[PDB]
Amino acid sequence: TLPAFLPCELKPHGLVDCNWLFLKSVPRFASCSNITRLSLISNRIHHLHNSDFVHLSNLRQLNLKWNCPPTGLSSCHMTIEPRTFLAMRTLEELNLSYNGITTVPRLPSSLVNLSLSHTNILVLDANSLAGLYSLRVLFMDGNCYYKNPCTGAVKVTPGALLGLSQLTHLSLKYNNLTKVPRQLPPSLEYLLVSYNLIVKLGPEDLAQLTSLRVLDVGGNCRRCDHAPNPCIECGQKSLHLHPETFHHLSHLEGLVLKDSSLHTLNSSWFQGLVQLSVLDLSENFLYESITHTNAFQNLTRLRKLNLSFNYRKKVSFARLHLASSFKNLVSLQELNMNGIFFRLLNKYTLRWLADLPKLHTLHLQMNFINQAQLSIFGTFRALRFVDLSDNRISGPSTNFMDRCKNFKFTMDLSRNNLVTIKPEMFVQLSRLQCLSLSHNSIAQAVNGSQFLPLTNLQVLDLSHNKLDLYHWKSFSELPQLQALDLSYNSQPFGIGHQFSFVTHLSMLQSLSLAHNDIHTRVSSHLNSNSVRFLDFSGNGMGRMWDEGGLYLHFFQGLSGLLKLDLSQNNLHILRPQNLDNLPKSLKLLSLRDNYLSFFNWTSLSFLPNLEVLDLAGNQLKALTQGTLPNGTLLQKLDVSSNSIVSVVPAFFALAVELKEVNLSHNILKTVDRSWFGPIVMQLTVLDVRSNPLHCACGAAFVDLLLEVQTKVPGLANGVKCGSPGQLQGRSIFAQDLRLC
């Protein structure tokens, strides 16, 4: 009856999960000849042996990452006997990353993917990887840098990898290499050697690598000025690139040259790169270059271009004007221009991008833009996303609802300096479907005159501002508005009524008023025929309902409401009246993180369509009022993180549709079949983790949990005992509780 892979857990997909279990050896675990995938991430296995994997002879995939880290954390050296991995003749994937080994173990020729990253291997020679002729992917990053230091550098002897006749992917970052290793296999398709000390590159460093698809050589000549992490200052003032370096790479699709101290672009570098789809030139000194270079003239296939964090070569500079060669980038889909810095976004700034047929995404964060003629973005062919967040725009020139993914025309103006919204700032932006103005300082009585041009806007995020919301005409100029986020609206400083506008928003489906400053003149009714989701989290619904009749019907006029979030409202009680006067259409109610101690369960009949009820984080001390009533449609009940010590028999019994019950993080000493009846065997999840279960020998609860074992999350090791003393904090399977 016990889970077959105790103390580990079956993730049905053949994956035996033994991650994070403090194990010091490979578990031996009802046969194991059918397990093909084993994960042992972040245990404490420091020694591997000849017979450790004999019972796992059919493993295909094996992850031993982080068992014995170098330093690392807060010293460790892993020993590995000769035949250890030879036991697994069909092993295809092995991860030995983050382990203190100095030499690569002997390995079965069936291997295809191998990781040796973050180890202490400093030398790769021919003996290192015999005879891995089926190997396709090899990673060995980070064996010699600040987080994992070596004295010297890692050394890849010439031709050492030629025995890997099938190698397609090779990564050797952060290894202090001073040159690209010699005589690499011609089969290579991906080569990453970023963040070493390769200050010079030529056609001599990429010899016969004619099948290269992606090449990453960035971070080899760094400017360490203002670097978040320890950096090694390049000798030269720029990476040395011979102009014919990349010429023979006719299949190059991705090239990365970031953080290379480049000061000039040369058309030569790209002359052979004609399949080039992705190019990263970020963190260089190409400000001036991109204002005038001819380099982009033939980059006709380029889809993605990163120009972010490019600095100025000379203090004397002209206002940003992208080069005319940019007009040739007809395949361009995404352009990243974060962190370049320019005060001014005008009709010439991005002019040469305007006619590009496929340009959908424009990153413009962190540029300190304080003058923006946003109307230019109404003249582009195919824009879907423009990100102007984190700038200094303050007006016209002279979790989140913003999803919105991929499909809608979206602009992000969050984290700017907007104090007042003027309609003129939106001229020519009438196709916009999603807009964010969150985290500005908008202090304004909104009244239907702010957003006139936005006739198509569907999603509006105005969270974290300072809006007056008493005007019933608010947002009346947005006829297609479906989702509106006004969470975290404050009022640091007596007419109309707060939220009166809701009933006039004919298309509104989703509304957030969460965490709002709410004063005495709130509308006593929210009214709508269209709202299906209301988030009223973090307000004072407790004090409001304490007023008596006044707000007794606050949510009732929301006809058709399906989901209501009243979490964090400092509710201590919930009269039947308050429940009966929520809209009868309600399917989901969240009362998470309140102070409810008692809840008459039979009163759920006042909510006939309820399917999901969240009472987590309150202080129900027992499930005992109390029973789920005939004939509730409740499918899921979360009563986790309360202080439930007991449940009345038959509590869940009448809940014919019940599928999920979370009972975790309570103070239960047992879990009892009598609480449920036959309902227990239709449950899809039964969560009983973090309860002080009493692990006595006679303990009835084991039988129940084993019966529904497939349905209890973390059953194998994650369900612990509170008692007795020797089993405190230990798995309920640490001993055999069935023996009595």
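Only residues modelled in both forms are compared. Numbering follows the first chain given and starts at 1. For the two forms, the rigid core is made up of the largest set of C-alpha atoms that agree within 1.5 Å on superposition. Compared with the form solved in complex with the DNA:
- The rigid-core fit between the two forms yields exactly one 3+ residue run with every Cα displaced by 2 Å or more: 311-313.
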Second form
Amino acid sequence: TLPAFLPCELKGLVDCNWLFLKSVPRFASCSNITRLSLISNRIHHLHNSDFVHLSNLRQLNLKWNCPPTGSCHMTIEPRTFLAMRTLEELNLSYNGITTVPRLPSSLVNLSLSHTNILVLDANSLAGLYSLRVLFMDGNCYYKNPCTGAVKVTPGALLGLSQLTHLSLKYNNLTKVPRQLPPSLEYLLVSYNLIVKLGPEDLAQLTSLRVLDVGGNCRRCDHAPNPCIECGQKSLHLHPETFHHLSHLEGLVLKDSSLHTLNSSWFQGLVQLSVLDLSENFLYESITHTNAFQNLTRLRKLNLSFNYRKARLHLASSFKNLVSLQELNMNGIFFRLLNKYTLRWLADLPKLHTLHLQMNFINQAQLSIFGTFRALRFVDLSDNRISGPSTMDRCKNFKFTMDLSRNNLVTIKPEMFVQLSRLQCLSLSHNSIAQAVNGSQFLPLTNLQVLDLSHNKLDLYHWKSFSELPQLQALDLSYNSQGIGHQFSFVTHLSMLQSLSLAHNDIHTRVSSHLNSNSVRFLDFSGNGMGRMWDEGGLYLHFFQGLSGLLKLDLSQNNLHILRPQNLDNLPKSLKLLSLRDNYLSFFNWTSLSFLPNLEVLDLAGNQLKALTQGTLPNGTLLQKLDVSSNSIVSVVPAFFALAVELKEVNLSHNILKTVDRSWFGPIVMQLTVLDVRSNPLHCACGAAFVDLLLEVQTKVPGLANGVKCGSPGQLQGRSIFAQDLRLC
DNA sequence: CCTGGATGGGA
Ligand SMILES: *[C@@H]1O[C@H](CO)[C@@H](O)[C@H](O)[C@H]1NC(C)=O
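Swap state to the form solved in complex with the DNA from the form deposited without the DNA:
Now the complete complex, all chains and molecules, led by this one.
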């Protein structure tokens, strides 16, 4: 009858996360479960018999059960994990242990990160010959401190003949552990105190695919958090350090205080696809160096935050990065962008992504991005661009350009010269105060998406955005305002499918009618539709002219009433309506006859005291009803009974003491969701709601533990299964 | 490596 795995939830996974458990649950048969998650409980002691009932486990997560500062120490009996002979993955992270427990040989992945284990020797990982993955980060650093440092004894890991991944970050290491297994494909030793590297440190590691050695010589300028500055001026790299790494696909040297590069570092890495040079002092290097000469397979290059301690121009060697797909140049702080600055990138055949934000650019010739071969995304957000030189997804597929958070006060169509192939643009969070009239975006003949939110557009002109013949989505949200009429242009936008006028300063001379044959989605939330629909018949047909409209969002409009007339005069094509977060107290549910094709209705966050008015009227096509976070106290029988297509209903965060089956009739059997959490259910031993929820248990989210009682006081705040309610 | 610009994940 009951779910078999109380107080946990069965996903062959069983989820016991965040249940304040102090011991491993014992729960018909527990011999078919293979995965158990106990994340962030209170288990502080583990014992030889704790997992005996879970003999066939393959995966075990115990993260955050006994967190070190920030105090907790975990005790583990010797035979604890041995009961699980087929155990493959074990996560022991964020637990105060000082030694690694005894483990079965079937182990494959192991996490020991953020513990108090300070020493790894040959005895620590005994019998783990099939171990492929070992993580142990953050055992000795400012958030999990230790006197001295973690010590990995030379050759301790050589028993792991199958090891591919090894991470030992934030451990205050001063050297790379010696004689590591040569089978390694991933080595991460970043953010220790390794101020010196050479071929000795990486000896015998010929199967390395990525290597992370960043943060070992940190500049700490404007560091928000406790940081250890490198004693020397820079990381010391022996010229032949990585020279024997013939499979190296990834190298990260971030925050290494590098002042110059050296071409010797890369000349052996003929598979190098990823290079992270961010957070060093290469401002002058990147402009002159020849190091990029033979990085032929290089796909990703991170140059971010290499700022000056002239005019920026990338080195000529960049023209050899024929495989380059992505370039990060954020936070470099060069105030001028021109035809030279990036010239050696233009002929690069596959360069699609260019990151150029947080650079304090106040002069930019955007035309240069029209000369590029395969550019798909250029981010110029958070800069100081103020004019011509002297919904965004758009993801992966559309020539997109982001000019968010700049200093545009006026749009002059000459700033878009050569950008005519742009399909998406964002000018949000500028300070554009300008009466749009149709002369601002002429070159943008192919623009499909335009984000102009958080500006100060005057929108009286009916010719607005008419020079954008392919415009499909327009975001004018959070726009702050004696001729024309507000929003008159919508009818003259032939292809507009999505529009947002959310949170706008609406004028008195706002148009009384919105029109379009193409608009399918309108966000009109955060406006004054309550004060507009109280003005009589003036705005009674405000939305009627949007023929074909499918989705309307009328959230946060301070609606206290919703007459049938206003409903009847919405487009008959409507399928989704959201009145979320209004002040609707009473509502005639039979008035949904006026929305014949309505499929989804969201009335969450209103004052619906009850569901009485009122009945879901046949033959509504309503599939989803959301009445969460009202203060519903009751519902009339057969309320949902006539909604033959009803699948989802959310009654959460109300104040029902029960949930009755007579509310639904035969419909409740087909419900896909029935969310009843956060209700003060009265858990008397008679209660029949438990018999109802149990009938549709799979369709009830958080049933096993998330649905709580509100009374009686001893069962309050506790699950409806805390005591067995079916006994009287 | 991914993520952000700091640090934690990871498999
Ligand atoms: C029901 O509404 C609440 C409101 O906060 C939300 O948290 C919850 O996710 C919703 N349930 C479903 C099934 O969407």
